[PDB]
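Assemble chains A and B with the ligand onto chain F, guided by the hints.
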Amino acid sequence: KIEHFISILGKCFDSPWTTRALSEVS
Amino acid sequence: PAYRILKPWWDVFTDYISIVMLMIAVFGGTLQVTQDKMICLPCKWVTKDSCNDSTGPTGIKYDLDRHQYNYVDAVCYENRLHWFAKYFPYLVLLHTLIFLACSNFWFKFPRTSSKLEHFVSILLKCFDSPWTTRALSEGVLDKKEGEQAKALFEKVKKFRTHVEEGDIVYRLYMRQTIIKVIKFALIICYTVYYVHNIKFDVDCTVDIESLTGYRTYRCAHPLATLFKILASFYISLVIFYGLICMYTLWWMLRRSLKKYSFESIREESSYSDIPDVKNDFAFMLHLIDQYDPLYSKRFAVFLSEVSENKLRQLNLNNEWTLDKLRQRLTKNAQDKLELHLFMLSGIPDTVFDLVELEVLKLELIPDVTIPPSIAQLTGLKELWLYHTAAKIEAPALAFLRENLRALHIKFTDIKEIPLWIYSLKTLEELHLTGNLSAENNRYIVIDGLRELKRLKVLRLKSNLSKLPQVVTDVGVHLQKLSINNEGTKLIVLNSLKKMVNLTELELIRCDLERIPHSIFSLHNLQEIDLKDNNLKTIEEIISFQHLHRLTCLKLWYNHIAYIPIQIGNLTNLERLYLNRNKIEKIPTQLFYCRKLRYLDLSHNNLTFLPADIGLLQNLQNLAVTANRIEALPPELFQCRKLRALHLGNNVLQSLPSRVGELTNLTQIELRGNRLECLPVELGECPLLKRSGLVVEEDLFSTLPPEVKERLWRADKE
Amino acid sequence: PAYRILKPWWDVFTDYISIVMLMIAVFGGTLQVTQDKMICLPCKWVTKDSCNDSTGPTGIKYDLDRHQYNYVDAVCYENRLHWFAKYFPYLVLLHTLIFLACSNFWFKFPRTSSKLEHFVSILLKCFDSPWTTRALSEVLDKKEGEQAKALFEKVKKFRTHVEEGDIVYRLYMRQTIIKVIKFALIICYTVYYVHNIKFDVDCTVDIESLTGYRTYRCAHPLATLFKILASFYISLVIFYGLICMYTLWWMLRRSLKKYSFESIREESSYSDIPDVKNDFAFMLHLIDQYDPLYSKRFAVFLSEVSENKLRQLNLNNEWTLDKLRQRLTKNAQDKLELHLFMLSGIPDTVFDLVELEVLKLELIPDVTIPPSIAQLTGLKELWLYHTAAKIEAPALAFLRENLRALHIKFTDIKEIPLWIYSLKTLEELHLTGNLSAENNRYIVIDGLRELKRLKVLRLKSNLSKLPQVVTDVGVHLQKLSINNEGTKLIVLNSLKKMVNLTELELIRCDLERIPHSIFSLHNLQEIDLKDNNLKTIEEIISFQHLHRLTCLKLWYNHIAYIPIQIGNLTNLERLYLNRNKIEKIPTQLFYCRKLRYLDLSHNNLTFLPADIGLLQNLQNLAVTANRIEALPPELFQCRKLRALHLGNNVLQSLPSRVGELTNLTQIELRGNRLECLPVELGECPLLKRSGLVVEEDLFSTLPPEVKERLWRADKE
Ligand SMILES: CCCCCCCC/C=C/CCCCCCCC(=O)OC[C@H](COP(=O)(O)OCCN)OC(=O)CCCCCCC/C=C/CCCCCCCC
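If you're matching them up, the sequences are chains F, A and B in order. Okay, so the first sequence: first residue is 154 according to the authors' numbering, each after it adds one. Residues 15 to 68, 92 to 175, 230 to 808 (the authors' numbering) make up the second sequence, in order. Residues 15 to 68, 92 to 175, 231 to 808 (the authors' numbering) make up the third sequence, in order.
The following block holds chain F by itself, in its conformation from the complex:
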């Protein structure tokens, strides 16, 4: 579970759509 969490969180951290949704929010 720790490896799955860190893999998901790291791949989310380099996801462009995270920045896209942050721009949409703010």
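These aren't lab readings, by the way, just hints derived from the structure by calculation. Do not take every clue at face value.
Across the chosen pairs, the derived CB separations fall in these ranges [as the list claims (entries may be wrong)]:
#1 A/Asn-141 <-> F/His-157: 27 to 35 Å
#2 B/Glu-775 <-> A/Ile-656: 46 to 54 Å
#3 A/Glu-154 <-> B/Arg-403: 36 to 44 Å
#4 B/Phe-791 <-> A/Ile-656: 21 to 29 Å
Far from chain A, by Cβ distances over 12 Å, these chain F residues were calculated [as the list claims (entries may be wrong)]:
#5 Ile-155
#6 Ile-161
#7 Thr-171
#8 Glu-177
A virtual CB, placed ideally from N, CA and C, is assigned to each residue, including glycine.
Here is chains A and B with the ligand on its own, set in the frame of chain F:
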């Protein structure tokens, strides 16, 4: 590893000084475990708890065993040797360990370590990136390298947002510096104070007379001079460490490391848009400047929106390949090759590499510049500008001046229209859709269409309250004036008299509520459209015999409830589009005009069709769709040129068999009627097919299966 | 790792000597820590605190305990043994550490470590670059050329970065100076104090109250060993001195802040390599000391001649001869064209191909044509657009015997070539670009007087006024076309001198009046006034004086009616009057029956008039887009018509005699109102389906035998 860039010369100096100090600590420690002792000799004569110090010489006989001597050594070493001499190497080791922990606390503390590793990684990988050299040199770029460049730009932006919020790294470095300097002060104070207590000769008085026989002994500490020079060397090293620490503190406090000005890099390069980075980001960039200004110089190119704009344009040139543009090519209503560019960052250069393209469609393109590579676009004739603020290169401006012939401009703001459209000379078709009427910009912006000379089609969907004086100046050569106000009445004021060369006039959705006299003053018109002008009465058409050339009177989408008989004077009409009106009866005088070819009276209030329709032999497409016509007269089939009988949505009870005499019929619409059954003679039309014969399936089933086979074969063959 | 290039022989020697000195330092330190002791025996007979040195023998009974002996040893080792004999290995260790710190402060100081690492990376990248081999040879892949250009730019940026200041040279000089003075002090004090390491020591410490004896004689067992560890060490320092001294001489015999590439720029062809200076010069001198080949093959990245060679080689690999034949096209003159657009440089393979006839150079900057343009055989056209052409004297002389036609596209004076005036053997020339600038009214075209064989000059330069220089130049002119694109042309009767003109084109001159100078030239066969916005042609009465005009061109105008007098021009053979405002064309106008070509499309003709029957020596009539309903006997008295431009009309029918017109190249029917094609059109198998343009629904009404014959003749 890669943290060396974040360690300036002071940090390296303290790192090496701490290493040498730890070597001193280890050496002193192993000597203290190994050969630290005190050779003690008793004083034979004592006087008030002190040694008296009062024929050949002979040695003094103490009568002590070797083990009594060892006991005396251990007791006096424990009791009367100063604590500094005993615990100097361990104190030095503790001090050096604390110094190393202070120098390496920010590397291990997760809150600062995450920021530090992010900074080091993205800064190093920006430093070895090739697009940094490409931008600082100011082509073609590899796909993988382009993906790396865009990912690095996004990572730099997200890290800049992530780091600038707080100043945890600056505060931690500050606190480490004050802790190190105050510990240096304490170390130097106590070590200098207690360094003189390391003595070779120690007088001990330990009260072990019951076990040995003597009370006071004079011991020699052998590792006292060696420990003294080791302590002096340690004091000198701590002095150097402390001086470096106060230099670091002065460097931190003299300037403001929380504020970086990029004025050196931004003025050197063409990028004047690099922001003044602040806070923690500014702090580690100052640290990198203490290492090497080149890293900051090559990193600053990733903080400017000009650089990312150029990168986006180059990447868009790269991704939009030629073959995908070939499969993107389409055709318009004018049978010209077409390419719709919708919602792109810029315009691809591979679009401009095309040669077969005729109409390029620029829709929602924010602030792009037209490259001169338009010299390749020789077949380009129609530039379609939708909400696109376009800047123009001079050779491309000349090329469009000598090639481009049709420009459509839609804009939301009157500043969005390019100012180089007036310099165009080969332009004939202009479509200015969007409000030209604004305060002090009401037709003053388009006052430069006087520079336009060959303009013949001027579409204006622009909510014009009154028609411009500039089109009164231009309309000597204008041949079509399509004005859409979407609900604003024109005060024409008979100003079209100077506009004599019009062949078509399309006043659509103008809410005129009456036909003005400017159309009547003109003479060259052949296609008159008055769509959605709310024309309640059209009684003026008696004067339309003055217009000897009119051939298409598109009086549709209006409030026309009747037709005056003077339309019989209009023998020159070929297409009379009266559909979607309120006309309830056709006068027979309208049926005098033998030249009518497209009699579209659909969506109206007609209840009957006069028989005189048989006189209209040139009629081809009679569309009476959605009317109240119950029975078609046989004389309707007298006209043998009916090509498309749109009888749909009517109340036709039965279609007579005389339709079998018609030959030009290609598509007849009967679905939605009261038609009981389809007669057999409907199959007698040769050119009619299933696509042409649109009808309900059960109505199709009424035809004979041999006639149905003929029609199904016309669908097949 | 990769720093071994920056360590010359002296640095390696000093590093090895420092390692050996550290070895003997730790050896002496281990000895001094572990078995350094002093065996002190009391002198039983003494004289004034000095050792007097005065039946089997018996041992001297000193009556001393073992611990009294240990105390005597400790006191006379601390008090009387010399400090050098006790702390020699620690001094050697400290000196060796100082020497190592001085040697490695070059690599450990960040300010110079960054520059050293950058220089190492750049030098190794240039060392492993394949293009250097080609640079030392006198084909490369796309990746090879791209990385060569990128590393060229990196070398230029590094040269800008490092040459500005000398921090590496200053630190190296300071390190050498410090090492030299440290060697001097070390040799001085070690030689002075090496004579105190003695085996025998007379100690007198005054511990008589604790031992009973005043003076003792002590043996220091390690002393002799320390002697062979001291003098040896001295010898090492001497070497470490002399080598360092040599290094100092190497930093003073010449200015290391001025590297000269004279040997390389003399041996190699590149003579443009600059004399680099400062830190760049110092590290290049160090690399020369290591290996001259690194500097030799790095010197080719400091010259712009090698940069130009790489650029031309890269563009040569881009555009091979096969891709040139791929890009080969043909123009309107049926000549071989090669559209070269947006290239950083001109190729050489494009001049290798002798087939080329029209060398096209559109918007190609930094153009410098080598004499390999002499390789071109059919070169008679040079379509240079927005091109600044530089041509050497042999290639210019080659142009002086083969070049014939030359088109220039320019933005005022910026893109106008200067070598065109010396060209005296060309025959055609074109110009395009605004010339009527402020204070420069037609002053830039004053150098076209040496051109004597020029015959064709065409201009499109939006002239507000007629240039007097043009009138002076045009003496030897045959064809001249003037395009003003919506600007007034003030001829002002100045064309009377232009007697040699045989074709005068005035496209979009917006004249609205025919200038009176046209009526003076008896050589003009073609008069072109297209898009002049002519409404009333009342100047054709004055055209009666001319007897040379064979074709008037008043098309794309608004001529409401053509007057009667124009029917007096028998020499007219081609009437281009299409897209005009002509309502009824008079029959008297068709008294001239030798109207071979005719353009009357897009007009307002309501019927084809009578004296078309008079016409006999024609080949086409353009009746597209007017109000004519039928092919009358008037068009049917013509027996030489070949193309009918009758499309998008209200033409009701084709009567029978058009089915006798077997020599019918084309018909145009793009929207005409024909009932059906008559069976008389089946009388002519000469007209094929590709030959005529007929609507698909109109074409299918022909009989199946006729349609099969039409498709057959399309195949046949
Ligand atoms: C605070 C952290 C410190 C870390 C400590 C590391 C481990 C310490 C434990 C040591 C493990 C085993 C070693 C014990 C050996 C004890 C033998 C002993 O005490 O015997 C007494 C007797 C007394 O010696 P004297 O000849 O009087 O010497 C007086 C000097 N003029 O000693 C002996 O007989 C032999 C001593 C054995 C020495 C062992 C240690 C030597 C260490 C080598 C030092 C390395 C020097 C490095 C460079 C020096 C500078 C150039």
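Okay, the hints, checked on the actual structure:
no.	hint	in the structure
1	A/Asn-141 <-> F/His-157: 27 to 35 Å	holds (32 Å)
2	B/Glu-775 <-> A/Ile-656: 46 to 54 Å	holds (49 Å)
3	A/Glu-154 <-> B/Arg-403: 36 to 44 Å	holds (41 Å)
4	B/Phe-791 <-> A/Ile-656: 21 to 29 Å	violated (42 Å)
5	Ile-155	holds (16 Å)
6	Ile-161	holds (18 Å)
7	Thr-171	violated (8 Å)
8	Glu-177	holds (15 Å)
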